[PDB]
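*Asks:* Listed here are the chains, written in short residue letters.
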Amino acid sequence: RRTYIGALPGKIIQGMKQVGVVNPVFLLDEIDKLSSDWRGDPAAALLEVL
Amino acid sequence: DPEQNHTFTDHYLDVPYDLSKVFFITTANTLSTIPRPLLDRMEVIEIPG
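Chains as they are written, first to last, in the authors' numbering: chain D, 399 to 448; chain E, 449 to 497.
None of these hints come from the bench; they were simulated from the model. Be aware that one or more of the hints could be misleading.
DMTMM-like cross-link-like pairs, simulated, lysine to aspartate or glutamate; straight-line CA separation at most 25 angstroms [claimed, not checked]:
| # | chain 1 | residue 1 | chain 2 | residue 2 |
| --- | --- | --- | --- | --- |
| 1 | D | 415 | D | 446 |
| 2 | D | 431 | E | 488 |
| 3 | D | 415 | E | 466 |
| 4 | D | 409 | E | 451 |
| 5 | D | 409 | E | 466 |
So, partial list: chain E residues that the calculated Cβ filter (under 10 angstroms) puts toward chain D [as the list claims (entries may be wrong)]:
| # | residue |
| --- | --- |
| 6 | 450 |
| 7 | 455 |
| 8 | 459 |
| 9 | 469 |
Restraint-style ranges between C-beta atoms, simulated for each label pair [said to hold, decoys possible]:
| # | chain 1 | residue 1 | chain 2 | residue 2 | range |
| --- | --- | --- | --- | --- | --- |
| 10 | D | 438 | E | 493 | 35 to 41 angstroms |
| 11 | E | 481 | D | 416 | 29 to 35 angstroms |
| 12 | D | 428 | E | 494 | 21 to 27 angstroms |
| 13 | D | 408 | E | 450 | 29 to 35 angstroms |
| 14 | D | 440 | E | 459 | 17 to 23 angstroms |
| 15 | D | 407 | E | 449 | 19 to 25 angstroms |
From the three backbone atoms N, C-alpha and C, an ideal C-beta is built for every residue, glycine too.
Could you build all of it, start to finish, from the sequences and the hints given here?
*Replies:* The structure is reproduced here in structure tokens:
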């Protein structure tokens with residue numbers, strides 16, 4: 399969120415920050431190295447990404 | 449990563465860095481607990497005993 403001092407909008411919109419155009423290509427490299435091991439599961443956020 | 453060496457945004461400083469001139473050497477003790485994208489891009493030299 400805003401409040402967290404590790405203020406990250408993911409690495410998706412970091413990618414749109416350094417790209418700066420609304421239709422890039424993203425390489426979401428090594429999707430199969432996503433496990434649920436008490437740090438949260440980011441594959442469930444990739445469910446929103448794809 | 450050389451895709452991100454040439455565009456290195458240290459998000460404290462929030463400025464892009466060109467780390468192509470900055471010459472890293474990674475060094476380690478075993479091949480197992482290096483992370484996997486830090487292995488195949490990386491040039492294994494393999495000093496023996």
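*Asks:* Indicate whether the distance between the beta carbons of residue 481/E and residue 416/D respects the range 29 to 35 angstroms.
*Replies:* holds, 31 angstroms
*Asks:* When the nearest CB of chain D is found for residue 450/E, is that gap smaller than 10 angstroms?
*Replies:* violated, 14 angstroms
*Asks:* Does the interface hint hold: is residue 455/E within less than 10 angstroms of chain D, judged Cβ to Cβ?
*Replies:* At 6 angstroms from the nearest chain D Cβ, residue 455/E passes the 10 angstroms test, so the hint holds.
*Asks:* Between residue 407/D and residue 449/E, does the C-beta distance stay in 19 to 25 angstroms?
*Replies:* The hint (19 to 25 angstroms, Cβ to Cβ) holds, given that residue 407/D and residue 449/E are roughly 20 angstroms apart.
*Asks:* Look at the Cβ atoms of residue 440/D and residue 459/E and judge whether their distance stays inside 17 to 23 angstroms.
*Replies:* holds, 18 angstroms
*Asks:* Under 10 angstroms is the threshold here; is the Cβ of residue 469/E close enough to any Cβ of chain D for the hint to stand?
*Replies:* For residue 469/E, the interface hint is violated, since the closest Cβ of chain D sits about 20 angstroms away, which is over 10 angstroms.
*Asks:* Residue 415/D and residue 466/E were given as a pair; does the straight-line alpha-carbon distance stay at or below 25 angstroms?
*Replies:* Cα-Cα ~17 angstroms, so holds.
*Asks:* With a cut-off of 25 angstroms on the C-alpha distance, tell me whether residue 409/D and residue 466/E pass.
*Replies:* The hint holds at about 19 angstroms.
*Asks:* Can you confirm whether the C-alpha distance between residue 431/D and residue 488/E stays at or below 25 angstroms?
*Replies:* holds, 15 angstroms
*Asks:* Assuming the hint says 35 to 41 angstroms, is it satisfied by the Cβ distance from residue 438/D to residue 493/E or not?
*Replies:* The hinted range 35 to 41 angstroms holds for residue 438/D and residue 493/E, with Cβ atoms some 36 angstroms apart.
*Asks:* Lying within 21 to 27 angstroms: is that true of the beta-carbon distance residue 428/D to residue 494/E?
*Replies:* Given range 21 to 27 angstroms: holds, Cβ gap about 24 angstroms.
*Asks:* Tell me if the interface restraint on residue 459/E is satisfied: Cβ within less than 10 angstroms of some Cβ in chain D.
*Replies:* holds, 8 angstroms
The structure does not agree with the numbered hints 6, 9, 13 stated previously, though it agrees with the rest.
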